[PDB]
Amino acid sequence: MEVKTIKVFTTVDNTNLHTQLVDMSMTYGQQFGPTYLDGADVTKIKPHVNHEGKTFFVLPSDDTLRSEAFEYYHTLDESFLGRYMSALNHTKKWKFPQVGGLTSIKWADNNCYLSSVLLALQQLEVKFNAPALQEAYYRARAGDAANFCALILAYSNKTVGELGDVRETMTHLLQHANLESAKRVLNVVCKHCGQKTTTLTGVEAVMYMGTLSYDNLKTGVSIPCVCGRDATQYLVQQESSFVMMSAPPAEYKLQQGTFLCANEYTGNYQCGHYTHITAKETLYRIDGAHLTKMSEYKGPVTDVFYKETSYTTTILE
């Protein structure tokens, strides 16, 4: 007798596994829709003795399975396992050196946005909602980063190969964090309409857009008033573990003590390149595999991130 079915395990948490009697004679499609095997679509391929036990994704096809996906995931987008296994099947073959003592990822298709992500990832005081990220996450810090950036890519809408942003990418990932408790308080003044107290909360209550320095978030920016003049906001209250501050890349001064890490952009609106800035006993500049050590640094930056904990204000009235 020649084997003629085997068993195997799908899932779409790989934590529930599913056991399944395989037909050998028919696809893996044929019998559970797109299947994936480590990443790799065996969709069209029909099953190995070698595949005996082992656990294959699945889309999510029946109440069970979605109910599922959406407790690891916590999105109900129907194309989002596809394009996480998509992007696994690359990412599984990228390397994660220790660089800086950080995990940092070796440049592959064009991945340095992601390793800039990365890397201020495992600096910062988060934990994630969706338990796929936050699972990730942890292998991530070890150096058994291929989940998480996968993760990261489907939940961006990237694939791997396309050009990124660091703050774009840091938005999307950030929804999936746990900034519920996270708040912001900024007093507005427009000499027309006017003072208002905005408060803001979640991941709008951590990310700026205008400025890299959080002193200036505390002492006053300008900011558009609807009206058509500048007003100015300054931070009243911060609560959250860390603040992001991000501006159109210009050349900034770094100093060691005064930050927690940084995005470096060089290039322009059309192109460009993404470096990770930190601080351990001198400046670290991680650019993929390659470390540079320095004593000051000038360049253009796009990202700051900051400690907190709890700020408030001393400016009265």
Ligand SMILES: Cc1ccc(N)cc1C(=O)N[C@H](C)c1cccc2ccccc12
Second form
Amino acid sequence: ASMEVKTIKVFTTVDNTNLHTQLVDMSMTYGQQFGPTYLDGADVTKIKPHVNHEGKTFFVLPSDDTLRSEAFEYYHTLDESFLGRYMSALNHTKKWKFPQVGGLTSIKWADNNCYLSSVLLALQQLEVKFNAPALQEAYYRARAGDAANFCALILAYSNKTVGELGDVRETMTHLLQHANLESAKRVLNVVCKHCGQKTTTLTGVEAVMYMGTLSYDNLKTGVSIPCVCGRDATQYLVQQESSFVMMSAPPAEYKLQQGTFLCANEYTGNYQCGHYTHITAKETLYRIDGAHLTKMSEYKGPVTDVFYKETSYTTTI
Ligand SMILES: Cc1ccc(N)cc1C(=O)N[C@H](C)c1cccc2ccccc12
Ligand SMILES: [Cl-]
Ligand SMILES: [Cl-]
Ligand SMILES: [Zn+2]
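Target state, the form solved in complex with the ligand; input state, the form solved without the ligand:
To see the whole picture, the full complex is given below, headed by that same chain.
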């Protein structure tokens, strides 16, 4: 338009909470004035300002102490490439569909996001709290059906990109590290027939996840494990302090009886290239597969993860 000095008022941010007013020179690009810049996850580093941009909020990278501090307080990470991978992933997740299925927010399949849909579904049924404000907020919105952000954060925290199939268990591990499980505790009694006995105590994420069996009952009765030497020593739960536990194991035909578990995940296909679907229950058993739901009276299939509700448990040994 009118050839003259033109500068518009926009806002820059790293957490979308603290907004920094900026007067930009329309005669140059965002990159030249802010460095890598984003608008709704879309990279606009190489373009110049538009009047349509007045009053809009742009994401930039932590280029100064204030920004570094703000980004850290919000996301709780020091990974320099975090903000970038997040915007990059959000640029895609914002196009996904998040239908309500069985009363839970699910995700229409796209880009092998079935493992993310399983994670999201599981979370909504667990008493779990995040410490990173970034996740508290995005999670709150996902429960209402607007999970584009929450999905992008999960991808960024577990350092995966849109398109690649991930492992639910492993993804929960990365994710739960930013949850409040500071009071989660597990005490295991190990007994090697030969070399006596000891007691192992796990806390945080390690206190709620187990790999080997899908049965929480077995963990309580005893499960074998390779000893320093000799055979496989026995091990069993003595104390459990958490709002839930997750029992994992390689997919295998398993029967799931309603009332005996919280929710679970089945996986069909080959290692790293199969398909996940979520199993839960309300009035009956529900099989949630993205935007698909199937109600059944009984279930038996390839299960890898089973969640159980917990408060506090102690042995009768
Ligand atoms: C989807 C995915 C992405 C990344 C990585 N690293 C792993 C997986 C993955 O295949 N996980 C499933 C549940 C799995 C785990 C353990 C043993 C399994 C044996 C046979 C078939 C599946 C098996
Ligand atoms: Cl939360
Ligand atoms: Cl349960
Ligand atoms: Zn031994």
